[PDB]
Amino acid sequence: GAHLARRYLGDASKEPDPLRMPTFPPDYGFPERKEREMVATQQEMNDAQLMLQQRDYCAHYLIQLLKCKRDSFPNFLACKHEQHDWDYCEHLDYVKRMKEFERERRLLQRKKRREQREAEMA
Amino acid sequence: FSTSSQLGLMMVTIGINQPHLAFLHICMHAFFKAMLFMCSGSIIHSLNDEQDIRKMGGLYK
Amino acid sequence: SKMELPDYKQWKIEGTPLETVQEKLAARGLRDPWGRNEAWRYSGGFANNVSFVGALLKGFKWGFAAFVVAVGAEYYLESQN
Amino acid sequence: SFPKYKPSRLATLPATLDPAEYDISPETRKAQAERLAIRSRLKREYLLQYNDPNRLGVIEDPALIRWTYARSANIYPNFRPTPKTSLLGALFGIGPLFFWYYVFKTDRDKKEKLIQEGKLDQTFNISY
Amino acid sequence: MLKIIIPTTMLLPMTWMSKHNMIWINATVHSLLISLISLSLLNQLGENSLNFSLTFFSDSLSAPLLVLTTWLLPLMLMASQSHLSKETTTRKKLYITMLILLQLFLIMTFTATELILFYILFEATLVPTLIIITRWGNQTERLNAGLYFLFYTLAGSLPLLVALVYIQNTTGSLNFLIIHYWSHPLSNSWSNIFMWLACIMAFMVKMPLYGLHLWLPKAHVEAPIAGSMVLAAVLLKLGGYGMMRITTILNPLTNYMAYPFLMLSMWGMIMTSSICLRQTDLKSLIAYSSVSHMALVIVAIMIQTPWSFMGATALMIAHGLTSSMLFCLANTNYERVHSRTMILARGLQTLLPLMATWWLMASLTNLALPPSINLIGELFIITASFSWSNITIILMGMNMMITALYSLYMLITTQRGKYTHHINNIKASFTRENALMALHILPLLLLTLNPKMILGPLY
Amino acid sequence: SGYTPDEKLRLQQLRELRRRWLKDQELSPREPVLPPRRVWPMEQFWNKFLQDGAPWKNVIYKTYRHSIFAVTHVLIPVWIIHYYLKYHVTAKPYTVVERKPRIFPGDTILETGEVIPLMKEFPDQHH
Amino acid sequence: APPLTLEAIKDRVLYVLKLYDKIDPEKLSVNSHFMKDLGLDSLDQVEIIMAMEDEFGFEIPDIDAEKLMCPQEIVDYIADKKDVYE
Amino acid sequence: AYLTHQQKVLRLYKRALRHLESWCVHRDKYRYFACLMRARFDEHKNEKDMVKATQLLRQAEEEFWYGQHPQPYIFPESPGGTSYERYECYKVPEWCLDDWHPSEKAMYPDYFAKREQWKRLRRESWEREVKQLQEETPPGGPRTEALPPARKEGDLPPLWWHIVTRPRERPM
Amino acid sequence: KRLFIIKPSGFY
Amino acid sequence: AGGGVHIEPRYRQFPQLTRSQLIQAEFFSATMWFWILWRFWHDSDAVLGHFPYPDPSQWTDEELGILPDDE
Ligand SMILES: CCCCCCCCCCCCCCCCCC(=O)O[C@@H](COC(=O)CCCCCCCCCCCCCCC)COP(=O)(O)OC[C@H](O)CO
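Protein chains in written order, with the entry's author numbering: chain 1o, 1 to 122; chain 1L, 304 to 364; chain 1k, 11 to 91; chain 1m, 1 to 128; chain 1M, 1 to 459; chain 1i, 1 to 127; chain 1U, 3 to 88; chain 1n, 7 to 178; chain 1h, 6 to 17; chain 1j, 1 to 71.
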């Protein structure tokens with residue numbers, strides 16, 4: 001996004017480097033952040049022959065999608081509501097990522113402006 | 304050159320872990336690109352084997 | 011048959027870009043030698059060629075009509091349910 | 001305007017901007033005049049056998065036979081040992097052979113020393 | 001054997017006392033029949049070599065060559081019988097005598113059980129060939145060519161004779177079996193170094209190796225067609241058969257010493273194929289092409305790995321059937337135009353339609369497409385060479401890229417082009433020529449189905 | 001200048017010779033004289049059958065050529081492949097292998113006769 | 003398409019010359035040599051064969067083009083080149 | 007032979023006009039720029055000094071050479087053209103027909119009989135062409151690549167066989 | 006207007 | 001020789017056009033649009049970007065878990 005200009009042309013310190021983030025403990029400063037879970041248990045997740053890159057937490061929104069796609073055949077125009085559900089659920093875990101991306105971004109100047117703060121008066 | 308531009312695009316997909324989307328690009332590119340060639344072939348044969356884009360025009364109607 | 015060639019006295023520079031070329035040439039003091047040669051390339055049925063974008067929407071005159079009857083069926087099916 | 005078209009061994013200078021045809025003397029016209037004549041003698045002769053009904057054979061081109069001789073046999077008897085030829089023989093000959101020898105030997109020494117210590121692992125490589 | 005050698009020898013009095021004009025007929029009859037009999041030896045048992053007598057034995061390497069030689073014998077007869085039909089009966093009978101005798105030595109050589117017996121007949125093949133290239137040749141450089149071929153082969157073979165008898169006095173018997181089961185470590189020493197050089201140079205000259213190869217462009221081009229095949233299709237592999245047998249004792253000194261030969265073959269094969277990229281004689285084009293393929297066999301032997309030996313025999317047989325084909329092709333034009341220059345007779349597909357097709361598969365086999373036996377041989381060596389060293393794929397593949405340009409080059413220059421205007425004596429191809437060409441390519445493509453027969457003694 | 005008078009005559013005689021020579025390149029109506037060949041019985045059966053040309057003959061003609069085409073290009077080839085891929089190769093292990101039928105929790109498996117336990121509740125993530 | 007025939011060529015020949023305004027329609031004999039009577043400039047015949055060159059879709063090489071100077075000649079050269087033999 | 011100046015300048019006009027074809031594209035633009043090209047050629051036509059004419063050529067040839075279209079339009083039936091020698095691969099020489107089998111020879115009796123008439127005509131007239139050549143050779147060998155015509159009656163033009171009996175440009 | 010087709014003899 | 005030319009050549013004139021080619025061109029040049037708007041109406045979200053992209057700045061530190069600068 002626009003952060004790329006502020007990272008290369010601007011001072012790269014304030015901006016994260018997605019290669020290694022997160023750096024500081026994500027649980028630090030987070031009061032009882034809720035642990036992720038997935039309904040799709042592994043053996044049936046492996047049963048569905050589900051591709052590794054598609055094996056995220058919301059991967060259980062595929063198993064019904066394929067099920068309806070399998071059973072509703074030859075009707076391919078069907079299986080739209082659950083397909084939209086998976087895409088909407090792909091929205092949710094995706095928006096989760098820029099939350100932690102922003103959190104890493106916001107904690108960056110937080111620590112940094114602190115660094116010269118508690119050091120300039122001394 | 305339009306074809307070679309297309310296959311350049313397909314390997315761009317393969318670069319960032321998009322192999323099957325390239326195969327989707329294979330099929331979609333296969334249909335219409337094949338069409339454009341004998342559309343050109345139809346006009347070339349009709350215009351007594353003329354292929355230079357300059358000696359053309361007025362073919363829409 | 012014979013393939014009778016068209017007449018001679020119906021292909022001049024009038025109504026064509028050639029006459030505009032002719033007056034520009036006459037402005038600088040020149041006579042166009044091959045003015046009537048192209049003629050047919052502009053006159054006859056080869057005149058009034060559609061524009062680039064105009065050709066792009068070829069069939070839109072009936073495509074929009076196809077939408078209206080199609081969206082009407084969707085509305086009728088929507089009201090039926 | 002646009003500076004000129006400098007030629008090259010691969011991009012030759014065209015005849016449309018060559019000074020030879022743009023500065024001519026009577027002597028040059030005399031020499032190039034009967035260039036057709038020497039070609040006409042070759043052409044008229046070649047046409048005579050070519051159009052000959054009794055000719056039921058191939059028409060040999062002495063220039064072509066000369067070319068095969070010049071490329072095949074008239075080379076070593078006309079070869080003269082000189083430092084230019086001698087150096088080119090070594091540079092294009094023994095030179096690359098030792099070059100590949102050094103490259104391959106170093107790789108073999110590199111490979112041989114590495115698997116002796118145990119660096120490369122071929123746990124699945126069996127056929128060789 | 002006795003069951004192939006005796007019928008081969010008995011063809012000699014048969015052809016001599018045959019009818020005046022039936023010489024070509026009868027000789028072709030039984031030479032094909034003898035080849036059919038030799039198909040029996042294509043079977044090999046599990047591991048022990050097929051042994052018949054003390055002096056004669058066969059393995060999964062000799063028999064694929066034995067069938068190739070006896071199958072070749074009909075082919076030289078028909079190819080040469082075009083121009084030979086214009087001389088005395090005794091002269092024509094003398095030729096068929098000489099091919100029969102030349103083939104006889106090849107069959108007995110490949111199945112020889114004693115290394116000395118191998119060397120005697122291996123060098124004995126010179127006499128039938130030397131007279132073929134000289135007496136019945138159709139040029140003037142043949143006189144110098146015959147001397148070049150004879151002296152090069154002999155100058156390398158003579159150290160082998162001294163080396164071979166040295167093994168007899170020191171180790172004992174030189175039987176190909178007792179040598180194998182009593183292999184001793186040939187330790188690195190200067191005397192052993194020259195021992196290694198002597199036992200190897202003799203077979204290297206007949207490969208030929210890059211540098212010891214100038215006899216081939218002279219011998220092959222000037223030789224008559226009945227010869228022009230065998231000097232390229234069988235007896236080059238005879239030097240190959242010598243290498244794969246004599247290297248049973250030359251371990252482990254071979255890997256330390258192989259480096260000059262590998263670099264010479266591996267780098268020279270690029271240069272030799274570069275000659276083919278710019279040539280003037282069609283026969284010389286194929287001749288230098290043979291050097292590149294044999295150079296690939298030269299490097300192949302010296303790694304001494306199971307894959308290399310298989311690809312060695314696969315290419316060795318396939319190239320011989322291939323290079324024999326191209327010499328038939330160049331023969332047909334050389335008879336019609338009475339010259340060997342490539343550009344003289346440009347345009348043959350226009351006039352001879354099927355000749356182009358035979359030329360197409362002929363140039364394709366040399367191009368070595370998969371699954372043609374040429375490709376199944378070269379590909380095996382590339383993998384074996386790559387395992388030896390990763391850099392060699394640059395050199396190995398470069399020839400594969402380079403060999404495509406020249407192999408299709410005579411296809412473009414001769415077939416694919418405007419017919420030459422002045423030439424007017426081209427005739428519709430005789431059914432002998434087309435039948436001969438089918439006799440070359442049909443077994444090759446048929447052999448593609450079962451490469452196990454020709455894959456060598458390590459399948 | 002301008003055709004030279006000598007070259008004028010040269011091209012003139014060449015012209016009429018070329019016209020006559022190309023005229024000789026023509027083909028008389030009788031040409032080419034083609035000796036016949038033995039005719040398969042089905043051909044002569046067709047000729048006396050298509051004396052009308054009506055769709056009576058047209059539909060059967062097109063469908064018969066298509067029908068025999070299917071038999072000798074679709075039926076009998078897949079027949080021998082089926083025999084090849086049902087008794088010959090199938091007698092050899094690991095020659096015809098497929099990915100396991102990708103099943104889902106829910107629909108029972110035909111052989112074990114046990115419904116695969118369906119997943120539990122999803123957190124009502126409705127749009 | 004039927005081949006370009008001699009009568010077809012010549013009818014197309016004076017089609018172009020009469021279409022040329024520099025030549026009066028009446029003086030259009032099939033053998034009217036361009037320099038002699040019509041008297042057009044030595045540059046002009048070089049520019050008229052290009053129209054003929056585009057008319058029949060061919061090329062008239064400069065070696066032959068400069069000699070081509072009659073309407074009968076133009077139809078002659080075109081007919082001979084494209085094997086026109088009635 | 008020696009290409010005189012008035013020919014060479016005509017070659018420039020023909021080739022330069024074909025080059026601006028690849029540039030002007032549209033016909034009306036062609037006819038305008040051609041007239042300017044044409045008259046700008048005629049404005050300098052009274053140069054009594056032939057040296058000045060070459061001096062005028064001293065900038066024109068470079069003007070063409072840098073203003074030339076890198077992809078000039080050439081008709082396909084010509085060198086560089088897309089249909090150059092496209093149908094050449096069927097131009098089988100007529101003498102090859104003499105090698106046809108009698109069964110194929112009898113397949114076309116009329117054409118083959120007429121071919122015999124042409125062959126007999128060529129045989130009779132060949133020696134007639136031969137002495138015609140040395141009857142009017144220029145002293146010192148053939149001076150020009152040109153070829154004299156048939157001077158007298160009943161004589162075919164010298165060296166006519168290959169030109170007259172050449173294969174058609176559209177053999178198929 | 007059909008005419009001859011000079012082609013090489015393929016009978017052999 | 002024989003006929004079989006439904007079309008005829010034209011010299012410097014508009015070539016003859018038949019019925020079959022015209023409405024065949026019109027049909028497909030019209031049904032291509034029919035597909036264009038029909039799928040647009042049913043699936044405008046695919047090209048529009050159905051799922052919105054939230055603005056990062058508006059996300060406050062509370063649900064972001066960012067403890068304030070006082071610590
Ligand atoms: C045309 C030039 C040559 C071409 C290339 C030929 C191959 C290169 C090598 C040349 C030498 C070949 C002769 C080899 C003879 C048998 C080799 C053998 O078995 O090894 C013996 C080693 O062979 C030799 O010693 C001789 C060969 C070495 C080279 C010297 C002679 C050959 C060179 C000169 C003659 C040939 C050159 C041409 C001259 C015009 C082992 O015996 P030993 O030395 O261990 O004896 C026991 C004890 O230790 C002391 O004897």
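Some hints could be false.
[Unchecked claim] Chain 1n regions said to be covered by chain 1i (calculated; three or more residues, Cβ under 8 Å):
{"id": "1", "segment": "9 to 17"}
{"id": "2", "segment": "110 to 123"}
{"id": "3", "segment": "165 to 176"}
[What the hints assert, rightly or not] Computed cross-link-like contacts, DSSO-like style, restricted to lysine-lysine with a CA-CA straight-line distance of at most 30 Å:
{"id": "4", "chain 1": "1i", "residue 1": "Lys23", "chain 2": "1U", "residue 2": "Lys83"}
{"id": "5", "chain 1": "1o", "residue 1": "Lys69", "chain 2": "1o", "residue 2": "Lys14"}
{"id": "6", "chain 1": "1n", "residue 1": "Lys137", "chain 2": "1n", "residue 2": "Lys111"}
{"id": "7", "chain 1": "1U", "residue 1": "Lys38", "chain 2": "1n", "residue 2": "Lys54"}
{"id": "8", "chain 1": "1n", "residue 1": "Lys125", "chain 2": "1i", "residue 2": "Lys8"}
{"id": "9", "chain 1": "1k", "residue 1": "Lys34", "chain 2": "1k", "residue 2": "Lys22"}
{"id": "10", "chain 1": "1k", "residue 1": "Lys12", "chain 2": "1L", "residue 2": "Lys364"}
{"id": "11", "chain 1": "1k", "residue 1": "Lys71", "chain 2": "1L", "residue 2": "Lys364"}
Derived from the structure by calculation, the hints contain no laboratory data. Quick reminder that beta carbons are idealized off the backbone N, C-alpha and C, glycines included.
Quickly compare the C-alpha distance for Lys125 (chain 1n) and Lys8 (chain 1i) to 30 Å and report which way the hint goes.
holds (26 Å)
Next pair to validate is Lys71 (chain 1k) with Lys364 (chain 1L); report whether the Cα-Cα distance is within 30 Å.
Holds, at roughly 16 Å.
Has the segment 9 to 17 of chain 1n got at least three residues whose CB is nearer than 8 Å to a CB belonging to chain 1i?
violated (count 0)
Holds or violated: the segment 165 to 176 of chain 1n covered by chain 1i, criterion of 3 or more residues with Cβ-Cβ distance under 8 Å?
holds (count 5)
Would you check the hint for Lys137 (chain 1n) and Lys111 (chain 1n), treating anything up to 30 Å between C-alpha atoms as holding?
Not satisfied, since the Cα-Cα distance of roughly 34 Å exceeds 30 Å.
Within a Cα-Cα threshold of 30 Å, do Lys34 (chain 1k) and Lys22 (chain 1k) meet the stated pairing?
holds (17 Å)
For the pair supplied as a hint, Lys38 (chain 1U) and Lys54 (chain 1n), confirm whether the alpha-carbon distance does not exceed 30 Å.
holds (24 Å)
Chain 1i over the segment 110 to 123 of chain 1n, status - at least 3 residues with CB closer than 8 Å:
holds (count 8)
If you draw a straight line from the CA of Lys12 (chain 1k) to the CA of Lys364 (chain 1L), is it 30 Å or shorter?
Cα-Cα ~26 Å, so holds.
30 Å Cα cutoff - pair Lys69 (chain 1o), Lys14 (chain 1o):
Distance of about 46 Å is beyond 30 Å: violated.
Are the Cα positions of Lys23 (chain 1i) and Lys83 (chain 1U) separated by 30 Å at most?
Roughly 16 Å separates the two Cα atoms, so the pair holds.
Checked against the numbered hints above, the structure breaks hints 1, 5, 6 and satisfies the rest.
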